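Start from chain A and add chains B and C with the ligands according to the hints.
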Amino acid sequence: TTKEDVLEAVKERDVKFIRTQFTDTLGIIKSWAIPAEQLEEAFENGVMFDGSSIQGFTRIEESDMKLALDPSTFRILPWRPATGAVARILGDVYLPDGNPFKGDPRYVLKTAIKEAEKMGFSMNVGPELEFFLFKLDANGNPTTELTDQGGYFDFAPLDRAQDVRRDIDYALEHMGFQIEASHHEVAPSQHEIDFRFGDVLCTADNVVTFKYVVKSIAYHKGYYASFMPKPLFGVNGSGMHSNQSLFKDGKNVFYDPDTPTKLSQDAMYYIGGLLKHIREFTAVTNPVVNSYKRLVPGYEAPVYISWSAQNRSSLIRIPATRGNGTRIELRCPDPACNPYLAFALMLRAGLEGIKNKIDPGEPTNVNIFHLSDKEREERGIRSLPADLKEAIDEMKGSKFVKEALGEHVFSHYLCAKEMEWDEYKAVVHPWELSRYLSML
Amino acid sequence: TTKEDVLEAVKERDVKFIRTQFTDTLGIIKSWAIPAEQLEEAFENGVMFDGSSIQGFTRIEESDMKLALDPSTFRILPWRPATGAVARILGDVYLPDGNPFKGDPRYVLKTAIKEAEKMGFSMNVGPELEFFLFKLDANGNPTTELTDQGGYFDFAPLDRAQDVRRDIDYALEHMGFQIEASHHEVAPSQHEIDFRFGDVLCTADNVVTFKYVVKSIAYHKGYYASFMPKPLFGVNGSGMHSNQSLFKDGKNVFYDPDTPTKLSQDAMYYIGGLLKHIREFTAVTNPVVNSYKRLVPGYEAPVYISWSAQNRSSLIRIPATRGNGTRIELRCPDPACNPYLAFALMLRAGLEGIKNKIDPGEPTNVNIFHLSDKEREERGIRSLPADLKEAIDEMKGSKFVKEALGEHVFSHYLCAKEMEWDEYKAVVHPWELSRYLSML
Amino acid sequence: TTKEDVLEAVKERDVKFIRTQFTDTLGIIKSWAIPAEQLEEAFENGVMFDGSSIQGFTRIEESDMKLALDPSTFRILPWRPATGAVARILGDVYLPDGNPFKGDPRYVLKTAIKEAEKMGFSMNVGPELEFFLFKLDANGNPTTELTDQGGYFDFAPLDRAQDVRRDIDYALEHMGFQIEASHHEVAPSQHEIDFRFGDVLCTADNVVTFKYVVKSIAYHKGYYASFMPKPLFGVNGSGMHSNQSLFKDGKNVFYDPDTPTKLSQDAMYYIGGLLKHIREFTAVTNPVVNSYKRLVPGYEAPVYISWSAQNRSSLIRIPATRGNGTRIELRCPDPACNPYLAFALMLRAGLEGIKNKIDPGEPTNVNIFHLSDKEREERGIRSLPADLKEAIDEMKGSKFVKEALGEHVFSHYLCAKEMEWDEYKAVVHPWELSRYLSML
Ligand SMILES: Nc1ncnc2c1ncn2[C@@H]1O[C@H](COP(=O)(O)OP(=O)(O)O)[C@@H](O)[C@H]1O
Ligand SMILES: Nc1ncnc2c1ncn2[C@@H]1O[C@H](COP(=O)(O)OP(=O)(O)O)[C@@H](O)[C@H]1O
Ligand SMILES: Nc1ncnc2c1ncn2[C@@H]1O[C@H](COP(=O)(O)OP(=O)(O)O)[C@@H](O)[C@H]1O
Ligand SMILES: C[S@](=O)(CC[C@H](N)C(=O)O)=NP(=O)(O)O
Ligand SMILES: C[S@](=O)(CC[C@H](N)C(=O)O)=NP(=O)(O)O
Ligand SMILES: C[S@](=O)(CC[C@H](N)C(=O)O)=NP(=O)(O)O
Ligand SMILES: [Mg+2]
Ligand SMILES: [Mg+2]
Ligand SMILES: [Mg+2]
Ligand SMILES: [Mg+2]
Ligand SMILES: [Mg+2]
Ligand SMILES: [Mg+2]
Ligand SMILES: [Mg+2]
Ligand SMILES: [Mg+2]
Ligand SMILES: [Mg+2]
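Residue numbers (UniProt numbering), protein chains in the order written: chain A, 8 to 447; chain B, 8 to 447; chain C, 8 to 447.
This is chain A alone, in the form it adopts within the complex:
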C-alpha cells in the first residue's frame, strides 16, 4: 500500500475523516482527525502538533513536531458511521527541521529491526492480550464492578460477554486481524483474544490497535474494557504474553527436528540472552505500580527467572507446538506497557544471546511457586524486581537498555516512572487505617 492506494481507498470507500495517530513514550495512543481533503497535502507535508503536551517527547521552547504518515497502516474504523467513513493512519514522528525523532518509541523498534536484519533475522512476535470487562455507571465512566463471575472457558450464562466478544472479533477482522481463539479467562469477567502473529512492527501496531478497538467496542455496548494488570486482588491478573520466534529464509529458526525438544541452538541462545537482561528492562515490560501487584505467586504470573517447557509457573515458557509454531513465550509483559519499546528490548536481548552463545541453565521443569527459598537459591533461581522502584534501579544502571532505547527515551522514561513512584510511596492507603488505626 502506497500513498496513491490510500487516496483510491478514501475515494472508493467514501472516507471523510482520517485519524492520524502515534504512540507516546508510555504506550498511550494519541490521535487527531483531519478531513480527507487534506490527506493529499499531509502526505507531502506531514501534520504538525505540539510535542510539549505529549509525555516524554519534547520541551515547550522547542515544541513543534511533525508527523509523517505511513500509508501501509491505513485502516478503516468499522464502529464509526459508514456514510462519513472514518479511517486511521499511523505515522512516524519527525522534528520540524526534517530529521526523524529519536524519541519515537516506534523508531526504537525500527532500530532494533535494523540489527535483526544485520544478523539476517526477523522477529515474528504475536501477543496474547487479556482484559477485564467491567460495568459503567450513570455518568458512563469506568468502574470495577464485575460483568460476570465466570471462570476459565466458562459458557453462558456464567460468561456474559459473548455478544460483546463477537463484535470485537468482527472489528478486528475488519481491521486486518487474523483471530485464532476467543474465550473467558481465569479471573471473573476477564477475557482474552488471540490473533495471528506477524512482523514486530505490524504486531506492535496491532497491539495498540487491539487495545483501543476493544475499548471502543466495549464502550458502545455499556461496558468498559480495562487492560490494567491487577485491577482486583485475589484473582488472576491480565498479562501480555509475548510469544516470539525468529524467522530466516521464511523458516522458523527456533525449530530443529533432529535435536531433542525440537529446539534449535539459536533458540537456546535467544533464551539465554533473554534471561540475562530481563531484570534490566522489567521496568519497561511492567511499567506501572499495579503491574507489580500482578507478579505474585499463585496466579500463573511469573515471580522468578527460569524457563521450562509447558510450565505456566515459569518465566520463559516453551509451548508444546513445534514446527512453524515453535516460539518462546515471555509471560511478564503487561498490557499496560509500550509494545514498541518492549518488543525492541526483547529483540535485542535475544540477539545478545546469539552473538555471545549465552547458554541458559537446565530448565526448571517443576512448579516454582511450590519451592522453599532455600530450594530456589540452591538451584540458582533469582526473583524478578519486587516493585517498580527496584525495577527502576535495575534499569538505570543498565548500559544495554540505554543503548537500546537511546538517551532521550531512557532519560524521559526514567523521569516519568520515578515521579510515579514518588507519588505512590507517600500515599496512605485504607489498608493501613484498617490495620493500624484501631491497634495503635
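Please keep in mind that the hints were generated in silico from the structure rather than gathered at the bench. Keep in mind that a hint or two might mislead.
In this list, chains with the same sequence are indistinguishable; a pair is considered to hold if it fits within one copy or across any two.
Cross-link-like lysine-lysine pairs, in silico, BS3-like; alpha carbons within 27 Å at most [stated by the list, open to error]:
| id | residue 1 | residue 2 |
| --- | --- | --- |
| 1 | 222 | 142 |
| 2 | 73 | 258 |
| 3 | 109 | 269 |
| 4 | 73 | 228 |
| 5 | 396 | 300 |
| 6 | 121 | 283 |
| 7 | 432 | 396 |
Chains B and C with the ligands only, in chain A's frame:
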C-alpha cells in the same frame, strides 16, 4: 457426520464461529470460540488449551493440552444470531504429544462402552433431568425467587413458564433432540422436559447440551434455570432419573414376554449388580453437599437401597412400560452430576451384575418411607450415604470405582470432594444462630 | 516500694482489682484482672497465662507461661471508680519451670541496662509522644475524622482538646508522671504531652502507660487517641522522639562546659555509634508499614542519616539546652514501636559507639530536605530505609541487632514483620484504580 460434512454445513449454513467444548471432571462445560476459517486447522492439529486451569485435569508444569474435534457432535446453536451463525463441536482431550488423556470423563465413558461391546451389549439410557425456574435480580444474577407457585401438571396461570418451556423444546429440537413430553413438576417453579433415549455417549452429550441450552434460553427470556438438586427446603428436589436398558441385535434385552413381570434374567442380574455397587459411587451420582438434602424421605427421592415395579419411593423403579420401552429407572442421581462418569459407573455395575449372576432380593413393593427402622432392618433394607462425607468414604475404599474411573479421575475426584466437604463442615449457618444464641 | 507496701496501699486505698499487665513482642499491652484477695499469693506464685495467644512468645505445645509481679510498678488507675479502686502491676514474664524468659522485651531492656552498668553509665530517656484525636462513630469505633483544624500552638476554638489534654495531664500526674508541657502539634488535631525523663526502665514503662492512659481518657470523653505514625497524608505524622543522655554519679556525662558546642567526647562517640547502627534496627524504631509513610521529606520527620544542633530536619538533633538537659534527640522512632526493644537497641548502639571511639563526621547544620541528590552524595549522607522491607533486610543481616535482641526476639520479630509486609505487598489500593483503570 464426518470432517467434510462439517465444512459443507459450515459453508452452506454460513457459520462464522465454532464453539469448541469439553466437560471437566466435575461435569462443568468448558467452551471457547474459534473462527470458521480456523476449523480446517483445528481438524488436522487440534486446539490447544490450559489444563492447569481446569478442575482435576492437569498440573501447571505440564499444563498444555490438545483437544481433537468430533465431527459427529456438530450442532448449530439456534439462540445465537443466524447471520454470524454459531456452531458447537465437542472434542476429546489429548495430551499434547499424542495420547488420549485418561483424565477425560468422555474417555472413561468410552472405556465402559468398550467392555459393554466386549459382552455384546450397548447401553441405551435416556434421562429425565428436572430444573427450577427462578427470577433474576436487577443486575441479572441468579436468585432463588419463585416464578410461579404451581404444582404437578398444573395449567396456567398457575404454570407461568409455558413460553419458556415451549422455546426450550424448540431449541432442543433444532439441536437434534427428540422431545417426548414437557410439564410442570411437583415443586413450585419446577419443570421437566423428556427426550428420547439413545446411545450412552450421545445421551451424555445430550445431557450436557440440554443443561446449557436450557440455562441460556432461560437467561435470554428473563429467568434463571437451576439444576441444583435441593434449592428450596420443604419442597421436592430435582433429580436425574437414569432409565437404563441394554440392547443386543437391536432388541431390548431386558424384555422377556414369557417370564412373569416381562423382565428377562439379564435385567434381573443388572438390577442386582447396580444395587450391590451404588453405595460405592453415590459420591459420583450425588456429588455435591446440597445433593444429600434431596435424599430425604417424603419427596419421591430415594433414601434406601431397593427395587420395585412402579414404586416411586424406591431406589430402582421399573416403569410399567414393556416391550421396547422396558427399562430400569435409577432415581438417585442429580442433574448436578457428571453424566460421563455416572453413566459409565452404572453401566459397569450392571455388567458386573450380569457376569456373576447377582440375583437381587425380593422387590420391596411398599412405601419404604412409611416403614419403621426395625421393619427396614429386619427386611434387610440398607440406606444410602447420609451425607457427602459418607459417600466419599464409601467411594475411596472401593476397588470397583477405582477400576472404572482410573487413578487420575479417582484421585482428582476424591481430592475435589474432600476439599469441598472440609469447607462446609466448618461453616456456622444461620440455622444454628436461630436455634441457639438465645437458648444458650 | 515492696510487696508489703503494695499490700498496705491495697488495704488503705480500697483496691479490689489489680490489672496484671505485660507488653508483648510487638509493643502491645496485654493485661488481665485479678481480685485483691489473690494478690498476696500471686506475689509468691506468679500469675499463669497462655503464651501461644501472645504475639511472638511461645508455641502451643509449650504454652503455659508464668508472670512474676514487680511491686515497684504498682499504680492506681484514676479513671476507674474509686469505690472498687483498680490498680495495675507490670510483671516480668518467666517460664513455668522458673527462669527469666528471654523473649520478654523487658528482659531485653534489662540486659541492655546491665550492659550499661558495667561501663559505669545509666541511661536517661525522655520520650516525645505525639498522638491524634479523632472522632468516634455511632458504634464507638475509631475513625479518622478530625476533631479540629488547628495547627502548632493554636489556642481555642482552633484547638478543641482543652478538656481532653487537661484530663490526660491530670490522669498522668495521678499515675506518677511529671508533666512538662501539653500543646497542640503541627498536624490538625495532633497533640503532644511531654513528661520528665527518668531511668530507661521507668520511662519504657511510662511509654506504654502513657499510650493506654491517653487512649482510655480520650475514649471516655468520646474521642479516639491514635498513635499511628501517619494516619493522614500531606500532613505531619506522629513521632516518638527519644531524648537520651548518660548519667555517671548523678551528673550528665554528655555535658562539658569547656569545649565547643559544650558537648563531651562521650556524647560525640554515642552519636557516632547511634549513626553507625541506626540503619540496622530501623525495623524496630519504625516497625509498621505506615511508619515509613511518615519518613518523607518536608514534615520534620528524618529521611537521612545526619546529626546537627537545633536542626529539626536532622536524624539526631541536639537541642539548645545544656547542663542538666544536654541530650541527643533521636527523631527516627514513632509511637508504634516497642519502647523496651527500641531503647535497648539505642543504648547498645551508643555504648558500642563509646567503646570504639566512633567519631561521627562534621554535623550537617543545614536543611537536608533542600539538598539535591548530588549534594547529599557528595557530603556522604545516607538515607534511611525507604520501606519496611528494606529495614527488614538491613536488620536480618545484622549481628549487632541479633546480639542485642537475642535469638528468640530476633527471629519472632522478623517473622511477624515479614508476614506483615507480604500481606501488604499484594494489596490493590484505590490509588491504583484512580490512577489507572482509565489510562489503561
Ligand atoms: N512461531 C510463532 N512465533 C510467534 N508467535 C506465535 C507462533 N506461533 C503461534 N504464535 C502466537 O502465540 C499465541 C498463543 O496464544 P494462545 O495459544 O491463545 O495462548 P497460549 O499459547 O499461552 O496457550 C498466538 O497469539 C499466536 O499468534
Ligand atoms: N428402553 C428404554 N431404555 C432407556 N430409556 C428409556 C427406554 N424407554 C423409554 N426411556 C426413557 O425413559 C424416560 C421416561 O421419562 P418420563 O416417562 O417422562 O418419566 P417417568 O418415566 O419417570 O414417568 C424418557 O426420557 C425415555 O426416553
Ligand atoms: N538530660 C536529659 N536527658 C534525657 N532527656 C531529657 C533531658 N532533659 C530533658 N529531656 C527530655 O526531653 C524532652 C523534650 O521535649 P520537648 O520540650 O518537646 O523538646 P523538643 O521540643 O525539642 O522536642 C522532654 O520530655 C524531657 O523529659
Ligand atoms: C490461564 S493463563 O494461563 C492466565 C495468565 C495470567 N492472566 C497472567 O499471565 O497474568 N495464561 P495463558 O493465556 O497463556 O494460557
Ligand atoms: C413425581 S417425580 O415422578 C419425582 C421427582 C423428584 N423431584 C425427584 O427428586 O426424584 N419424577 P417422574 O414423574 O419423572 O418419575
Ligand atoms: C513540631 S515537631 O517539630 C513534630 C515533628 C513530627 N511530628 C515528627 O517528628 O514526626 N518536633 P518537636 O515535637 O520535637 O518540637
Ligand atoms: Mg491464550
Ligand atoms: Mg491468557
Ligand atoms: Mg500464554
Ligand atoms: Mg418424567
Ligand atoms: Mg420428574
Ligand atoms: Mg421418573
Ligand atoms: Mg515537643
Ligand atoms: Mg512534637
Ligand atoms: Mg523533639
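Going through the hints against the structure:
Within a single copy, residue 222 and residue 142 get their C-alpha atoms as close as 12 Å, and across copies as close as 23 Å, so both meet the 27 Å cut-off. For a Cα distance limit of 27 Å, the shortest separation of residue 73 from residue 258 across copies, 24 Å, qualifies, whereas the shortest one inside one copy, 38 Å, does not. Proximity of residue 109 and residue 269 under a CA criterion of 27 Å is satisfied inter-copy only: 26 Å between copies versus 39 Å inside one chain copy. When the C-alpha separation of residue 73 and residue 228 is checked against a cutoff of 27 Å, the pair qualifies neither within a copy, at 35 Å, nor between copies, at 34 Å.
When the C-alpha separation of residue 396 and residue 300 is checked against a cutoff of 27 Å, the pair qualifies both within a copy, at 13 Å, and between copies, at 15 Å. In this assembly of identical chains, the alpha carbons of residue 121 and residue 283 lie at most 27 Å apart only when taken from the same copy (22 Å versus 52 Å across copies). In the homo-oligomer, the alpha carbons of residue 432 and residue 396 lie at most 27 Å apart both inside one protomer (10 Å) and across protomers (13 Å), since each shortest distance falls under that limit.
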